[PDB]
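Before any questions on binding or motion, here is one chain by itself as structure tokens, the form solved without this ligand.
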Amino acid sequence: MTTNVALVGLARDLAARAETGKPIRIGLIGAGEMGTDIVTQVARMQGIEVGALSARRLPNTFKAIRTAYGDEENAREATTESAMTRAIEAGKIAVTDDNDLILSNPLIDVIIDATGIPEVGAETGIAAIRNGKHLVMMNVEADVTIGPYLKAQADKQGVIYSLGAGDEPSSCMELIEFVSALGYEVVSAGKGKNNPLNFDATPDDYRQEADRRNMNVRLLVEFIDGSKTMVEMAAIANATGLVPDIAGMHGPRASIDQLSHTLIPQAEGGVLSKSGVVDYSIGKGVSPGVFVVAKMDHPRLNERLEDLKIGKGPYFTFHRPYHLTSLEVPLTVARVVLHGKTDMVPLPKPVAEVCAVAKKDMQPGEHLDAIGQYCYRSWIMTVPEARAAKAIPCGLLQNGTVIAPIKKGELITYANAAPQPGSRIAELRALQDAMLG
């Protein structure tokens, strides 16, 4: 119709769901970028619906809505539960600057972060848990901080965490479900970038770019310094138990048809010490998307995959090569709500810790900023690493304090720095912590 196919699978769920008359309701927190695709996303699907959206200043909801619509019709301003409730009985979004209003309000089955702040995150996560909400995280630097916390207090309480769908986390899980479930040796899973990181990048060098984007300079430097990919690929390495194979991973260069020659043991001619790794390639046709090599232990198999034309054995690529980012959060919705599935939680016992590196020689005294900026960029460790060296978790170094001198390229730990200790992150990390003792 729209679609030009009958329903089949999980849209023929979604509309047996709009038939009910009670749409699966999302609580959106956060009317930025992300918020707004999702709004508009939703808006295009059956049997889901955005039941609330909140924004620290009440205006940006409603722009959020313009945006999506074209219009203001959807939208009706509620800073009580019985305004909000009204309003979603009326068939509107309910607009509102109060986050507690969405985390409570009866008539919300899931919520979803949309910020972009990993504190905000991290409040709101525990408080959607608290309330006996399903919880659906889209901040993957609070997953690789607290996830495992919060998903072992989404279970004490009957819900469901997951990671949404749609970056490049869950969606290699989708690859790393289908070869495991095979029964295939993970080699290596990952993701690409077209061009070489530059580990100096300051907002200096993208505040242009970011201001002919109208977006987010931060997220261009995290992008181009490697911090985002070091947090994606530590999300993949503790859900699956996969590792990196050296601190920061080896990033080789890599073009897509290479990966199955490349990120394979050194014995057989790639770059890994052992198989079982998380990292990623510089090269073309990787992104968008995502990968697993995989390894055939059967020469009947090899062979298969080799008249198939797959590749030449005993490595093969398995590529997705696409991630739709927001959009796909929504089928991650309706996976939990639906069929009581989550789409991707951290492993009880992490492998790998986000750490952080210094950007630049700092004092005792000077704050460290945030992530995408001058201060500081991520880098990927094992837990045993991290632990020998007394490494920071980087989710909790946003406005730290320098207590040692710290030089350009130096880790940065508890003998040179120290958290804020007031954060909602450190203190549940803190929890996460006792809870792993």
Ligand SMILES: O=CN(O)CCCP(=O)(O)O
Second form
Protein chains: 2
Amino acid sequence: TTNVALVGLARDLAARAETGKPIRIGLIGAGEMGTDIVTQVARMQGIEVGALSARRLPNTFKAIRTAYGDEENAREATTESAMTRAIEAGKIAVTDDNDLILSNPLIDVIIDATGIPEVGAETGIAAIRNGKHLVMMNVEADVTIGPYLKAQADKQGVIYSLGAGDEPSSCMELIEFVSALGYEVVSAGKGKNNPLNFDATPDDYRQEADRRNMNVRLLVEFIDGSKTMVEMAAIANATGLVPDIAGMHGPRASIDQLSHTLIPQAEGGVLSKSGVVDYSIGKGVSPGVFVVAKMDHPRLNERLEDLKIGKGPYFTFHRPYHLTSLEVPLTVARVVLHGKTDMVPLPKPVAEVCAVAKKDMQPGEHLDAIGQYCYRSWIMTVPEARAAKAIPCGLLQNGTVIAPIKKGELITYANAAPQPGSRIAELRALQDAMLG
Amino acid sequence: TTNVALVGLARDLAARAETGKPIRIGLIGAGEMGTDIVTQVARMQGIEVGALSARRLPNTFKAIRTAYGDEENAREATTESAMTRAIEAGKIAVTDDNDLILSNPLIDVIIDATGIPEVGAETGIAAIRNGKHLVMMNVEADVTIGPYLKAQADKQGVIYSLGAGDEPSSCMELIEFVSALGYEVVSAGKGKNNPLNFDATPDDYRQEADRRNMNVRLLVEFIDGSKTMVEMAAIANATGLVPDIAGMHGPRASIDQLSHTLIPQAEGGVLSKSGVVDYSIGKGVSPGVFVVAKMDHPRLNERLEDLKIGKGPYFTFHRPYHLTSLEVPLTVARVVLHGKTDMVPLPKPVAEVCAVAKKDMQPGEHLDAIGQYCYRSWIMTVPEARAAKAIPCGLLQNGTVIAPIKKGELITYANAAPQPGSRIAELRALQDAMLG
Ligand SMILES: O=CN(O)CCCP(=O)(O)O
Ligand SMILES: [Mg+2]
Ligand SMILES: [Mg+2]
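Could I have the structure of this protein in the form deposited with this ligand bound, to go alongside the form solved without this ligand above?
To see the whole picture, the full complex is given below, headed by that same chain.
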């Protein structure tokens, strides 16, 4: 199929296949991301989906039919013996009970692809308790309780990673390159073609969501900035880069303008200092990620100028693609074959994803969910978040409004209360104790 | 300096530095590329230049003065005991005797940065004979005798690699990624901003060479196509990708047109078949390298289209930079720390860099050198090369014309004779005997 000789990670995956025992993924969630992963794995060597769960059993069969064209690879399992039988018979065992997957002895690595943060919290800690590696796609959960999950993974001798293919992990590839070379990372982040619309709600997008089948919440959280705030917080929390101002600058800049824009004001850009996470509004940046780096030696500056990388001392490194869920099996391969993580949070977070009201709300109302009507994410430094008593955005779904809140106002422990009994609130309390 | 926490390779280098015994490079050649490597290593952790040689000892001191601003780090050594003392004192030992570097017990890896293929052949086999890893920057030598060097490296238990940062090795990063994902590699290569000029000579470039203080042969070999032929042959001989036609198509195509141009004729492109090395003439491809890949599943096509990566089933993956000599220390780090090569030739070459005359020549004339007046490189498949009895281009410097040759004609064992005594012709004979 590939037309090429096997090299690097491809060759390692071919050698694994030759052992007769593939790397086996337990995949939790059969929606769009999950369905993508089944499809992607079916063309790789040495890596298989052993079992697939969803809240409703029909969805597992649906994912598998979309991947293969029919449901013949699927076999329902309601017990461990049935599941292990199915896997050894070369079937994908399907179930609506996540615990059968999380506890099966043949499963090497867990991927949660449900897009539900509370669920990413629940399944993540259970995967670690059961002695399985854990590949996290729920960035909303990672930026809330990632440090805690990583510490628990270390105690059990397993690996925790964000999955490759999304902007934060793609951007870590560039960051590792620039910093291994000893260069200053001035700014890093992602682009957007068009201005954000912070007032967006599902009323503006229901029509498009319906025609494209897709979850209207995704459009909304994309357009209102929330996903951008979350992705940039994950980069910050893995590096020590910080937002320069709450919400970031988000200037207008094409790909060719980043290196004169997301740089210090002293050198003509918009930043108060070097070492930031930010994003741009303009052409040619998306669908990838970037790092603006500085050169510290005149010879290195000259060499990059001769190669037409730019005009120094600031230079833009672009990765012009990210394939989302399709890259996540490469993380699985590196984790199991090489014992390497693609991306972990630092022990001490430097940014918090906070939230701002999208409309006026009164005491007794409930906050809804990201990508809906009540609030949108807003990145702050930890010290500014704490000073303002901001509630982490991952805690807010179905939270209670306790004092009047006006449009544009920060959501805080003074004006709202999270549902106290969430797994995610419980794990975040444990994280806060561990840090203190 | 970097503004970021240590991750990945950057972390592995810092951990090496904490052992107090850095990875030590033996660097042969104090000119431009060698001076770049001294400068670049000086900003990194865990890796140092232990020793540096040049034909004329003053040029070692000159390279050191450029990198550091003074010669305090240099110490002259003409014996093993003096070189080892200098390295232990934290100096870069400088010498005019390559054999001292090739045989010093404290040197881990050899890099030949002279740009002379004969010397890359000579120091290459010597490095391997002395039990040292070998990073080759001389792509002209690698395409001539690489399979032999690789086989001898394997016999000695050391690693052979092309150095990162040049088009062939940068392109291998993309090929590894697409092929690990199970995707079809349709075409791979590099771009040039402007059309080739096959008739170029140093007469045309002496003013640019003079004002840029650079070797006029490098401009000529760039413009007349020779460097592109060599670089594409390296990719082909590492992958099994082949030139579609002798010389390659080299169509007019911007970055945004690659995926409708370097694809099969049946789908509107220029190629007779999928699985090729080629290049483009047009805007936005250089500096950098590309792979055109094909999707063979509707869901994968649909995901790449929704991400705006292109319109399927063909998609362009671009790495919009390559830093030349600056990335070579990354190869050195991967080789020593992880035992991984960045790029090796396959055991059976599929392409040959041959040569065509730039002017009419008479029996008894000598061929000059690449980037001068007499000849320019031209990629062919191995079977076509053999059928024409073509001489590998790397063997031709100072060769003798034995039958009349017309401008544009292939140089073959029927109309020319290499200098027989070269280490490079001697090693090539051994490669041919190994492959017989
Ligand atoms: O991984 C994919 N994305 O982040 C796309 C979400 C749209 P945005 O880039 O507008 O937040
Ligand atoms: Mg994303
Ligand atoms: Mg090159």
